[PDB]
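Only one chain is given next, in structure tokens, and it is the form deposited without the ligand.
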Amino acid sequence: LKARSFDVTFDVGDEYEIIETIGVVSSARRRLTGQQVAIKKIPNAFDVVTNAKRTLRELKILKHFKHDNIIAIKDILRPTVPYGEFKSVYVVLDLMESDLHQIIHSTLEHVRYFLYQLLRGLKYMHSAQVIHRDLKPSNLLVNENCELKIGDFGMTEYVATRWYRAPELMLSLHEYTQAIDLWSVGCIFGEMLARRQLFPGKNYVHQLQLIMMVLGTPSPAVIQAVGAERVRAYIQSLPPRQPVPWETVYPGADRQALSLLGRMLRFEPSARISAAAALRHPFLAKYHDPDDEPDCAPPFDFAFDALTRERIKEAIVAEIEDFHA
């Protein structure tokens, strides 16, 4: 009931074909009239520890979420093998032409529609006690339209680049809350507004300093709420440069977006706004529709979150069955 091959070789199941690869991902058309869907195949994923349990979570995570602004599964095909060398899985997702990463660089009506979908999808996520933990414009699926879907999920080295990550995540100022995905939204917010990247740190050494200018130096209770000790020492030893001059920071912005920016970018997760609270912002007055902001009815169960072994290869077969009952 499935057919080969290229490129590269993968067996689709024939409900969809053509089969052109957008990137491993392909775009296909369901024979049933279900139009254009995106198919993602997983190479390996049984190849080791980690990458096994990672795709158990992702599989269970896409399933648990039904939201307009969060990617989910159209279908999931038994990568047909009768457990003899079952080496891979195919998840079917809806086809998104692009992502926010492509078009950001370098409109106030266009952003408010964008961010509204960002935050609504953000709230549904947090209702299930699940965090993206990394939010980049590359993770925001966008076609035009301008409908938005949140890509990937929560999951070393580094020298790597997260300029959208919260100062509590890296620098570990203190432990965090669901408000960290909002700092990312605030950073993306700026980039569309400012036309430029907000915090292009060479590293945490440069990043914090680059972060330092806009939000200014923290001498409220923010310090001593920090895990510190050196960080609080560094904060106080640093000159208390006087914040927050947002109106001066953005000339091309209305007081409204400037106000949402201010509450979104804040040192302390305690004080920082939430997804549900940020939706209430007057910035959405054109778009604000409380009906379109659902919460997950149950919480997301992490149960299996050693732990374990090819049982996970076997646990993934509970689903693909569970999907088809």
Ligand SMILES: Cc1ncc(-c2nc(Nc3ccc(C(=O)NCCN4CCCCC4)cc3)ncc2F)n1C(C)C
The other form holds:
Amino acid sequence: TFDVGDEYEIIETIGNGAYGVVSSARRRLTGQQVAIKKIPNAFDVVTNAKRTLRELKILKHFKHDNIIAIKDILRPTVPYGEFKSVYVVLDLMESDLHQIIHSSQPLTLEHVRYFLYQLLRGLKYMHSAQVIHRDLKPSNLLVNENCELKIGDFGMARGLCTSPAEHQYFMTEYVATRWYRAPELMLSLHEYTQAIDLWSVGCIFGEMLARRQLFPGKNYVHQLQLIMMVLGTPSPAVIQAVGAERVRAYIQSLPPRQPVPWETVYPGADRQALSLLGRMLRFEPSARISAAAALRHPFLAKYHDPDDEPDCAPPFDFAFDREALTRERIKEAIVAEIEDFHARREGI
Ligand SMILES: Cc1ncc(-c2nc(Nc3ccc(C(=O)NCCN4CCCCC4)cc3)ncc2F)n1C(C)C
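Any chance you could show the form solved in complex with the ligand after that form deposited without the ligand?
Let us now look at the entire complex, which starts with that chain.
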């Protein structure tokens, strides 16, 4: 509960989605503000329970100012068999970047520069841990009243190798969100690295520059059409790496098209901004700038400090996730993460 005689007081609901319900709250004894995420009926759906487990493990591993942090995870208050809803206490973030972009709030070039900086700073750290987010978009980038940006929602994250047991190994065109989905996922190019995230970053960057989505495709083919209208026809090497014959045949059926310069896509936009944008939005994963190299780009020189943009050591281990687990075994694993959270706090 959250009554006068409990640790937390609920203020108001700030988010309702597939993740559960996020509320603003205060620690009653101190007045300190936090977010509390309720994950209702957390063990009912296997897919959802697996997302919960991998987020708990990843967020416990990370300690970085541009990644959402777990402050507490509430222990069960009922017998083990009746425990059904998980409560996670996190940094309070009043808004997301989607809200900000698509509102009457100011979003000057300097806002874009500062938000992009923070996003990339978080990514350098996450990517050095061998974690790919795979669902970066403005609604997963949280922004607080101090103008601090933190990356959230690690339910779709994976490492540098995913298991053949799960459907997303083969059905890569369904990974995450259409408008931000990297060409390698759309086309099954069999090259799945941290570059996935840099594509999404490019889309987010463009979206901040114009305050409208860069590639808002209505379906699979239309999404590819919109991307090719700017990037041009993909190379013979990329076309040959397309997993599916129909997709490869469809791309070959279209007439040749050269790239449109980013200066034409975004008239009058900042030169250095467009320079960096062009380094992110490439068909070839290996052609894209890394998060680390992006932080060294002239566009971000204002905020860049190589003494204060850390990597993460040791790297994150996804071994736990490749295991074929039942509902009850996943529940046990989640309860163990809660126990371990508190056991580690007792031993510091
Ligand atoms: C998955 C997750 N786990 C923990 C958190 C988390 N979230 C917040 N704050 C939030 C959460 C949601 C909203 C919101 O829904 N705003 C309305 C507009 N929104 C526009 C984009 C489409 C969705 C609707 C605002 C602030 N603070 C701390 C946290 F740890 N999250 C977030 C990313 C939802």
